[PDB]
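Our next item is subunit A:
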Amino acid sequence: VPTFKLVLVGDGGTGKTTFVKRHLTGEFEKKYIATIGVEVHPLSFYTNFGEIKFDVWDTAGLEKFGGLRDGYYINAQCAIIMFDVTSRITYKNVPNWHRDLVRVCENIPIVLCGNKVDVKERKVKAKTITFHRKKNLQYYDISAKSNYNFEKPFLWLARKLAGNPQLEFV
Partner candidate 1 sequence: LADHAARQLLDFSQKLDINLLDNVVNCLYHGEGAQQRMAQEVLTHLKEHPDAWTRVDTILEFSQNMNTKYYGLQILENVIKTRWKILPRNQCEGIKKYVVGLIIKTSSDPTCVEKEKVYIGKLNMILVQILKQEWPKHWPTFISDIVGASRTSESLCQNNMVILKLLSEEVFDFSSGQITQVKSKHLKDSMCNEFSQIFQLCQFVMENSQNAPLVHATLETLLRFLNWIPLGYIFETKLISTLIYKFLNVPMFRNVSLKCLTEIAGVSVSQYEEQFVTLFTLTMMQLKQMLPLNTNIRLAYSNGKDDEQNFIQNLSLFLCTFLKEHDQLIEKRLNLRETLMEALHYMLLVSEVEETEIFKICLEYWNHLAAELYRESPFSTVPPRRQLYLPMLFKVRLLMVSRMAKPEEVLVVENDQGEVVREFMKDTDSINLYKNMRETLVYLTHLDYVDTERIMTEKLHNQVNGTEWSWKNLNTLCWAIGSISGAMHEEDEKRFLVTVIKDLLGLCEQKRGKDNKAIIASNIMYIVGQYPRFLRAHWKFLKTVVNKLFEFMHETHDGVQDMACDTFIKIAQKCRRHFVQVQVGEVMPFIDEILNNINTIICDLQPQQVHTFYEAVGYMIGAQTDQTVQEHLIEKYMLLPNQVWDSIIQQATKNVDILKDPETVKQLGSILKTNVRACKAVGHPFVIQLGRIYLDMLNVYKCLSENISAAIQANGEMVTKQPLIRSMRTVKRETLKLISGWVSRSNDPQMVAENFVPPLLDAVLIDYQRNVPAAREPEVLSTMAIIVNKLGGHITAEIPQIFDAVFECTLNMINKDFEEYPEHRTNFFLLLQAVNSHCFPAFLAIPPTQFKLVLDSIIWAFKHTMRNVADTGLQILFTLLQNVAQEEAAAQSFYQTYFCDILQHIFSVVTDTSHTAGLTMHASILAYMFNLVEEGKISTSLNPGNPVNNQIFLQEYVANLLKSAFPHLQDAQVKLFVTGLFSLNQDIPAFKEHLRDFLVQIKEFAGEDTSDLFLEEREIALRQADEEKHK
Partner candidate 2 sequence: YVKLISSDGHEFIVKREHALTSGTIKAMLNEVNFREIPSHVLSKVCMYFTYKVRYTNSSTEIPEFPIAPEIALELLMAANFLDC
Partner candidate 3 sequence: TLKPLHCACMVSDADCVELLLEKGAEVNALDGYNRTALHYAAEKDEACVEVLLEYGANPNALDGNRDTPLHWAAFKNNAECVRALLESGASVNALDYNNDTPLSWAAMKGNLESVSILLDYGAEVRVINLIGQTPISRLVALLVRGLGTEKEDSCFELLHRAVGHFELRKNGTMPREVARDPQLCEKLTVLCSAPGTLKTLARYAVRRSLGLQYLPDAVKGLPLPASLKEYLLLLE
Partner candidate 4 sequence: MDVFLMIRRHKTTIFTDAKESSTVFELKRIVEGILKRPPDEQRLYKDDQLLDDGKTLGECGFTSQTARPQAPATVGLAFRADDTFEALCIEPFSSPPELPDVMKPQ
């Protein structure tokens, strides 16, 4: 049956672990438990064309608690490079993570997610996220707790990966 793996990247303070935790169990988490190394989370989805499962790998975004760095990316077919709209610096680091990712990937499907749009202090102004364009990256404004666009990244990745532009979750 179909199966893939998924690796999460993005400097700390941008909700990398919260996305996977929510999708796994559904309830939000507030504590900023810094991620260590990588955690393997088996994930599942159901669509009009059946069930597709992701083996999600959560790479810590902190230089001090990262682990193997790019080695985690070796077998990955898809990944989300995420940041925070409230913290401007988290955006300036997106190109660095993108570089560290591609050099070990063959332009696989990659989605750029700008987290924490529910916060009303949008430090990362819209109209200045032009980077994702010139690297053919799919950009989503998202929020982990308010669930805004909370399914678009996975849906788009499934569409590009399983190869079925009519794919849809149910």
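The candidates came about this way: all candidates are chains of the complex that A comes from, given by their letters.
Assume contacts are C-beta pairs under 8 Å (C-beta built on N, C-alpha and C of every residue); 3 or more make two chains touch, one makes a residue touch a chain; residues count from 1.
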Single touching candidate for subunit A, where 1, 2, 3 or 4 all sit in one complex: 1
For the subunit A and candidate 1 complex, residues of the former touching the latter: 12-13, 30-34, 37-38, 40, 42, 62-64, 67-71, 74-75, 86-87, 89, 95-96, 99, 103-104, 106, 117-118, 120, 122, 126-127, 132-134, 136, 138-141, 145-148
